[PDB]
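Shown here is one chain on its own, the form deposited in one PDB entry, set out as structure tokens.
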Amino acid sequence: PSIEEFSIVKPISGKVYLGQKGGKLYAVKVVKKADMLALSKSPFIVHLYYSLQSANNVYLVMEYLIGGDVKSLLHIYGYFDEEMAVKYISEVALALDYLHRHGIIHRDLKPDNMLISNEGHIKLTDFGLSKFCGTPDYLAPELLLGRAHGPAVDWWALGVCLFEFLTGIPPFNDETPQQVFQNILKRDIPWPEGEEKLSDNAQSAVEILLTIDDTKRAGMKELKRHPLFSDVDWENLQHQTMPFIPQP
């Protein structure tokens, strides 16, 4: 496995490039060696292939997902209806539980980091393969206060993503980041009113996921037994049909 055997096609976007070998496409993220392994094979995690290290740079070869991220798809859709948001949130929750069972706290969950499989499924990344800094829309209250802080933070972020999937804008999103920090520490959740109202089960899930109390917050077991996820076949989730499929 040589690094020069990857014809760099297009830059994806701390930089990722679309490389090519024998017809196969790959997402190669570059990390400068100044900053600076273990395989995690899971249906809801971006599969990593190689970790080639050249002169003064380290290269990460991962599978290429043409579906993009969930933030862009959310901007196209404006917002997801309930069943799409619950499917996506379910898959992200299985990824989170797989990550916690391996001793990993994702610490940076957001729609930017959720990639879309060719069959419509969700794969997480930027959890240890790649990673204070704004935006603080997805940080838990215990993160702002500078305290410890365990894996429950990953679920708080989930409660944000859920809300963001259902309404369109994140709940604690506001003008300046200080105002956002206030909205988080005060837990001012701008519930939609009128005909755009959230269902009681959705409101319950967003409430139990966004609890200020670290030890009273929701986890994998809480969502499993939650009325919003009672239609979820957890033991066989990577074979459900997804509302959006990327092509070509």
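Between two forms, the rigid core is defined as the largest C-alpha subset superposing within 1.5 Å. Residue numbers count along the first chain shown, from 1. Compared with the form deposited in another entry:
- In the core-superposed comparison between the two forms, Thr215 has its Cα shifted by less than 2 Å.
- When the rigid core is held fixed, the Cα atom of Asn201 travels less than 2 angstroms between the two forms.
- For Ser54, the Cα coordinates differ by 2 angstroms or more between the two forms after the core has been superposed.
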Given for the second form:
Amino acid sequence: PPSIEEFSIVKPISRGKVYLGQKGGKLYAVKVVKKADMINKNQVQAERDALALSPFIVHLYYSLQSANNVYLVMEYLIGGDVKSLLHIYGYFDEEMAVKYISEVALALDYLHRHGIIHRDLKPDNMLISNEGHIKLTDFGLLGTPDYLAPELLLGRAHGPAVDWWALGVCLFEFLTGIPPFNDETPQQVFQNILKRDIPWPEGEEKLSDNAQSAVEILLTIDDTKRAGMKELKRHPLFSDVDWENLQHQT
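Would you generate the structure of this protein in the form deposited in another entry, following the form deposited in one PDB entry above?
Chain only, nothing else included.
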């Protein structure tokens, strides 16, 4: 039963907050959750149980405690998050974006196959592993408004289709750099999500026909018709994808 004393804070890596750890010449990523929100605003033992169960999702090494704080000692991936990588490139090329989205989709499919909806999919929580494939973090069982599905907005009873909407938001944001339903106020954002106000580009920048369709099937208002993994795997944009091989590449 190791103790948090052995861990030496190096420098923060995320805004709970995520710090870069040190222990025995090893680097961990330690999330700190003070009892200010853990024991005074409600589902903490929900992110720790979705992270303990593994090959597509960030590895959780230890579950540690404190005077007020809780500590998630997870693996450290120098590759950073897709959020940062995207700011650097401005946006990804069609081939590169499909590469990441397919990896995210396999991770989503893994999660659901094990009775787990993410509910908080966004590039910020998509980590570029040391191997190169995407890993998932910040398990939220209201989150970032820009990625929430209409049913999440309307407080409806929902299913894994929320994750495919979020996936659609990221697929658009990988081709543009900007999320599709982006606006100045949070209320404005909800109107765009509900209106399905996707601002497709025009000219030399205008999105591919296979890219526009792939976003459309993911960003479908009616959750009983919206795209799943089956629809996605068979969609023409993911044609040059070997899911059998990708599953092994891990």
